[PDB]
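Colleague: Here is how the chains run, residue by residue.
2 protein chains.
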Amino acid sequence: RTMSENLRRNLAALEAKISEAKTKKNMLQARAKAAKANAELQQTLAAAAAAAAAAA
Amino acid sequence: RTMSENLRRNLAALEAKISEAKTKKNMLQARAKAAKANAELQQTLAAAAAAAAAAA
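Protein chains in written order, with PDB author numbering: chain A, 112 to 167; chain A', 112 to 167. A prime marks a further copy of an entry chain.
Because the hints were derived from the structure by calculation, they are not lab data.
Be a bit skeptical, because a hint or two may be false.
As the list makes no split between identical chains, a pair holds if one copy fits it or if it spans any two.
Here are the simulated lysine to any residue pairs, SDA-like style, with alpha carbons at most 25 Å apart [as the list claims (entries may be wrong)]: (1) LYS144 <-> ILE129; (2) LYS128 <-> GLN140; (3) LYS133 <-> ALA165; (4) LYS144 <-> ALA167; (5) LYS144 <-> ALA157; (6) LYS133 <-> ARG119; (7) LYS136 <-> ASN121; (8) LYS144 <-> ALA132; (9) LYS144 <-> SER130; (10) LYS147 <-> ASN121; (11) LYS133 <-> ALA160; (12) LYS147 <-> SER115; (13) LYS136 <-> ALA148; (14) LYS128 <-> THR113; (15) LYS147 <-> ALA157; (16) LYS128 <-> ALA160; (17) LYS133 <-> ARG120.
Working from the sequences, and respecting the hints, build out all of it.
Modeller: Below you can see the structure in the form of structure tokens.
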């Protein structure tokens with residue numbers, strides 16, 4: 112019964128760090144999607160506008 | 112939120128130089144139309160009047 116207290120805390124501590132990893136996963140996946148869009152939009156707009164305007 | 116201030120200024124600065132280019136476009140197109148008419152009128156009138164008058 113002293114081992115089952117230890118196991119019940121270890122089981123709760125394991126799911127607590129699995130739970131933490133899952134929230135971190137979503138925030139990291141979001142930043143990567145946002146950063147991919149920021150780079151494409153900024154570079155595409157700046158390059159296309161400047162090149163077309165100068166040539167014309 | 113510091114990136115969205117930067118993007119909101121860059122978006123306003125882009126449309127400001129597109130706006131400037133559009134006003135310049137109209138003034139340049141006008142001068143080219145005027146210059147084409149000035150040349151044709153001056154040369155046509157001077158040449159036709161002098162040649163016909165001298166021959167007659």
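Colleague: Does each hint hold? Answer for all of them.
Modeller: Results of checking the hints against the structure:
1. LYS144 <-> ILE129: Classified as within: same-chain Cα gap 23 Å, cross-chain 30 Å, threshold 25 Å.
2. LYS128 <-> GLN140: Within. Shortest intra-copy distance 18 Å satisfies the 25 Å Cα cut-off; inter-copy 36 Å does not.
3. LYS133 <-> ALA165: This pair counts as between: shortest inter-copy Cα distance 14 Å, intra-copy 49 Å.
4. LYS144 <-> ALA167: between (35 Å within a copy, 19 Å between copies)
5. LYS144 <-> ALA157: within (20 Å within a copy, 33 Å between copies)
6. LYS133 <-> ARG119: Within one copy, since 21 Å is at most 25 Å while 34 Å is not.
7. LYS136 <-> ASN121: within (23 Å within a copy, 32 Å between copies)
8. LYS144 <-> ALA132: within (18 Å within a copy, 35 Å between copies)
9. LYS144 <-> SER130: within (22 Å within a copy, 33 Å between copies)
10. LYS147 <-> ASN121: between (39 Å within a copy, 19 Å between copies)
11. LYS133 <-> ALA160: Close across copies (14 Å), not inside one copy (41 Å); limit 25 Å.
12. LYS147 <-> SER115: between (48 Å within a copy, 16 Å between copies)
13. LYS136 <-> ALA148: Intra 19 Å, inter 33 Å, cutoff 25 Å: intra-copy only.
14. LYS128 <-> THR113: Result: close within a single copy only, 23 Å intra versus 33 Å inter.
15. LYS147 <-> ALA157: Classified as within: same-chain Cα gap 16 Å, cross-chain 36 Å, threshold 25 Å.
16. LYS128 <-> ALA160: between (48 Å within a copy, 10 Å between copies)
17. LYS133 <-> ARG120: Answer is within; shortest intra-copy Cα gap is 20 Å, inter-copy 37 Å.
In summary, the structure agrees with every hint in the numbered list given earlier.
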